[PDB]
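In the form solved without ligand ATP, a lone chain appears below as structure tokens.
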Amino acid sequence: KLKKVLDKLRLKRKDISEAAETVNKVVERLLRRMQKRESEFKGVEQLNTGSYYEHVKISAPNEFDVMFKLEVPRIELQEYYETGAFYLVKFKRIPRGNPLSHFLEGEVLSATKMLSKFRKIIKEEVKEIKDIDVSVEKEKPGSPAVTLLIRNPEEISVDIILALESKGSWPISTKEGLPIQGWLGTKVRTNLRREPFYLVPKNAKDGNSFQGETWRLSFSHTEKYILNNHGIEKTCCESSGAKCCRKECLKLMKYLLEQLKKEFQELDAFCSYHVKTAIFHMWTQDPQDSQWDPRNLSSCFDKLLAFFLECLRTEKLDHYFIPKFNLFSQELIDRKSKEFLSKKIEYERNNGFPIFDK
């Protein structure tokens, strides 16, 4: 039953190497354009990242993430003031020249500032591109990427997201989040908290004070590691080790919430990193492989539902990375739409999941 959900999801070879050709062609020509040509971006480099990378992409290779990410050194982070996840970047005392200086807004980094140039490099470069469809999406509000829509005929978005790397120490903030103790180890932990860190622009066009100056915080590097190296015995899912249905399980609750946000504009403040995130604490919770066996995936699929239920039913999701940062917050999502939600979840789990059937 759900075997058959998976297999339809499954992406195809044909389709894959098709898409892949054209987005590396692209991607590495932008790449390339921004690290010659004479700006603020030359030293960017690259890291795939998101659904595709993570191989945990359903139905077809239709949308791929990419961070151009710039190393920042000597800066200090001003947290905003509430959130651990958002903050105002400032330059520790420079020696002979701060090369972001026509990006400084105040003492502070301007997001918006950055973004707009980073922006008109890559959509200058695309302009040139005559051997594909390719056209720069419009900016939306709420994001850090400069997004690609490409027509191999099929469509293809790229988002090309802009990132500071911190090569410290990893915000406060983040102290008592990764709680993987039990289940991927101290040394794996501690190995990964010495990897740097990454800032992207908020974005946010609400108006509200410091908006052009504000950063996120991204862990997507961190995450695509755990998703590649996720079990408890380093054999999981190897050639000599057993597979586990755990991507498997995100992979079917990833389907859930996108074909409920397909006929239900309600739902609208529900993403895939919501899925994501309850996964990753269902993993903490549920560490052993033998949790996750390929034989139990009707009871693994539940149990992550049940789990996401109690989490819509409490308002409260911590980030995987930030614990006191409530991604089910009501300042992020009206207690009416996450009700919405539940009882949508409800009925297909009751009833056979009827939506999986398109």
Contents of the next structure:
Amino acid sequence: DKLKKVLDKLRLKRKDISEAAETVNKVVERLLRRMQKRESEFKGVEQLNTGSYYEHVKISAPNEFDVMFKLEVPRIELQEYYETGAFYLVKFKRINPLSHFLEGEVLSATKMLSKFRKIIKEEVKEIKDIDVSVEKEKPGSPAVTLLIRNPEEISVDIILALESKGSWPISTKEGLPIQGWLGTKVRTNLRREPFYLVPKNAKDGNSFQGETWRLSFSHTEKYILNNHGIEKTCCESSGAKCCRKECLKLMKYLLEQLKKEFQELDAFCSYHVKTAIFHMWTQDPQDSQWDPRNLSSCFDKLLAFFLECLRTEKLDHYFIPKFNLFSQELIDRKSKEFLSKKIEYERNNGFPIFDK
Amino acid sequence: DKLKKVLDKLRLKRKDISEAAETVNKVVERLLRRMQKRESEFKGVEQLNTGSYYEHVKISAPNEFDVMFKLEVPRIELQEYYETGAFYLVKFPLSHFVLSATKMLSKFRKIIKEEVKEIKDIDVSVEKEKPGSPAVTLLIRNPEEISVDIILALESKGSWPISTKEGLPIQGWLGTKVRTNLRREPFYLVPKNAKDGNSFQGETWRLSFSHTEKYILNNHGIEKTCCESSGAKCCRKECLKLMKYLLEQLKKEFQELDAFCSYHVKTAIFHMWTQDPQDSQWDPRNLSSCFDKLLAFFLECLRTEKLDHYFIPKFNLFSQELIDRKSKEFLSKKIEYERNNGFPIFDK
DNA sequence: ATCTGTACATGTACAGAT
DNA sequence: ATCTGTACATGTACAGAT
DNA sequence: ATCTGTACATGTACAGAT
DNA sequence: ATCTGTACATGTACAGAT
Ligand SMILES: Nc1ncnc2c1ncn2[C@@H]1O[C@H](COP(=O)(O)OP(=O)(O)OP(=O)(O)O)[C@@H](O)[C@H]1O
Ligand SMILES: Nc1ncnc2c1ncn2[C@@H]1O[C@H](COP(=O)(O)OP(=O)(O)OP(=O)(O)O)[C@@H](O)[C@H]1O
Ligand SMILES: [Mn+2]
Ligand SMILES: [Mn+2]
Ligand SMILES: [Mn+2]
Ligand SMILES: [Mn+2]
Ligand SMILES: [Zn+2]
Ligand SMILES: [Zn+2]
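Structure of the form solved in complex with ligand ATP (previous: the form solved without ligand ATP):
Below is the whole assembly, all chains and molecules, this chain first.
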């Protein structure tokens, strides 16, 4: 009931959705069309909407949209980057519009991203209907981010992705453990869909920096978010409603509110809570372990699970089991203990950060 | 325990499946070849396997197989025949055939008969044509008797006909998303090959949802994991097998049941699966009461003379027009007897 | 004349609104 | 409870191309 | 256009375990 | 008696090659 009111605060307004989507779809459509023009290296690129807004777990406002511009690259060979599981070099087999981004048969990611960014920047210049600019590049980001002032501020991440239709890389063989929850047929069908590669774009100074790509499963996460129950009728008009998405929203909002205040939490991002709850949904497969009447204890057990991931320094990528999002190389102990304490304080004092 | 032993009897043998299928697949691949490996009107026909063998509810022997040869036809107008729900006139390569079902079936049949004639490695012939059948039926002996029904079908990719809008009522069982996706698939038309002497009989086709029934049979739980390797077994298919066996055994003995077919049983269990959607209502420990509830539901269908097409609800398969009252009362008496005596007919 | 990539046309699950 | 805007899957029309 | 290759669903069969 | 793990078998979706 206390959490029932927070969700009411977090709920998007149709008026805002309508206003924001009108602008966003206009800008996205124009950019998609410019990539189809001339001898553009990105001709054939197709659009895939992803992220919280299209999973219906966007909270507070419709002010951030994620969209994949995906390009199918056939006849592709991958080299895993130093057994990390998630990062790859991409290589080609013949001697192609990606000609100008090739090196030693190796597809440069920062070369491709730069050209992609240059096209988007020029196209944005010739929009005089909407107040829209291109954000300064961020290290580690695979995206060209648009800032729309619709009056209201709106971010759009245009994510460049390679699309391979072959079978998924073996580092994912033990990932996606949905057998006891969504089952073997769903798992088999999901793994028949393409996989995606986005630029790592780390800028950190290490070898292969500009030629490292990162696996993306945004499309698989979108399907799961929207087909999340063991029962096919879960959250449908002739079935029972669960509180799975509501628990994600509350967890997202806790991290968002804390990150707004404490810049010690810069290492953390909402993908961490999204990954955590995919494990909770696998651990607790039954729709009855997510009854809306038990929202408080369902949110609590998610917090307890997240706190144990922070303390034990282990939050395995849901799709790549050997990739630890909470490794020391990515987040130091200090950052994790700080978040542990901040969460435990919220937990134990009525969630006062929900009232800010 | 009695029912478990019956199901052990009904179970097909790996060796039998392997010998029957490699011969059936030989013949079918060759007919499918001929259909487009010639300037025939059926160039572009594609194969779709259907029926109990491919749903894994075939019982006793692998001795009957069903195959659709389906052909895409663009821009066709349907016209419902006299409000029957299931039967239609088709209208606008094939212009040798208003699209007459009788005219198309016969050329299709003539092709198959010719290709069967030039098969020398398998003992195979074409059964005499049956009024009422949309099929060309092949008889194989290797030495086991095996019959194959080659079913000609038109494939339309528009919205399903209006008479189905109330059909397929899976919303509380498989859900709205499965229903919407199933209805995004094509719908099929097959010949109505009756000789009854009625008016438009020769150019009427009948709706087929064999493709949709296959998906259901193999995606039948309310839980996605039903009968999967990380899920629980249910006894839904076993119940269909048992009810199928009861009717097969009765039809063997009683000529009075010639009007009944396994599709009646299949239809009745689709309604029971919709009435009782929870997988726990089909627990394997409760096989007996599950079988009994199917019997009771089937008997209520007989008693009220009402068994609606699961996809076309106004089409009553138990109409007085199609099955006489005395047939239904005869079958009622025989089922009530088997029920009340421990199913003696299951022991022979 | 026919061919075809682009985009309209149709239908409905999701979830906010009343 | 019903009404309703957006997203999205798939079927089809046709301007401009061949 | 056609056809093989791959992966894993659905089954049956059976020994060893419970 | 049933359950579980491995072996053995066919069916079917679709990527990629030719
Ligand atoms: N570090 C990451 N590793 C893998 N995938 C990621 C990562 N960060 C983001 N993604 C993918 O990109 C999508 C968009 O990311 P984003 O940061 O906008 O979050 P979101 O899930 O849309 O939620 P919100 O925008 O409301 O914070 C995610 O849903 C996820 O699929
Ligand atoms: N009267 C009918 N109306 C509609 N569809 C039918 C009818 N009879 C058969 N079919 C379709 O054709 C398929 C093949 O029918 P068939 O008579 O071979 O039975 P079956 O379901 O395969 O089982 P079995 O052959 O083991 O009795 C059916 O499963 C169904 O999809
Ligand atoms: Mn986002
Ligand atoms: Mn983003
Ligand atoms: Mn059959
Ligand atoms: Mn048949
Ligand atoms: Zn749900
Ligand atoms: Zn089952």
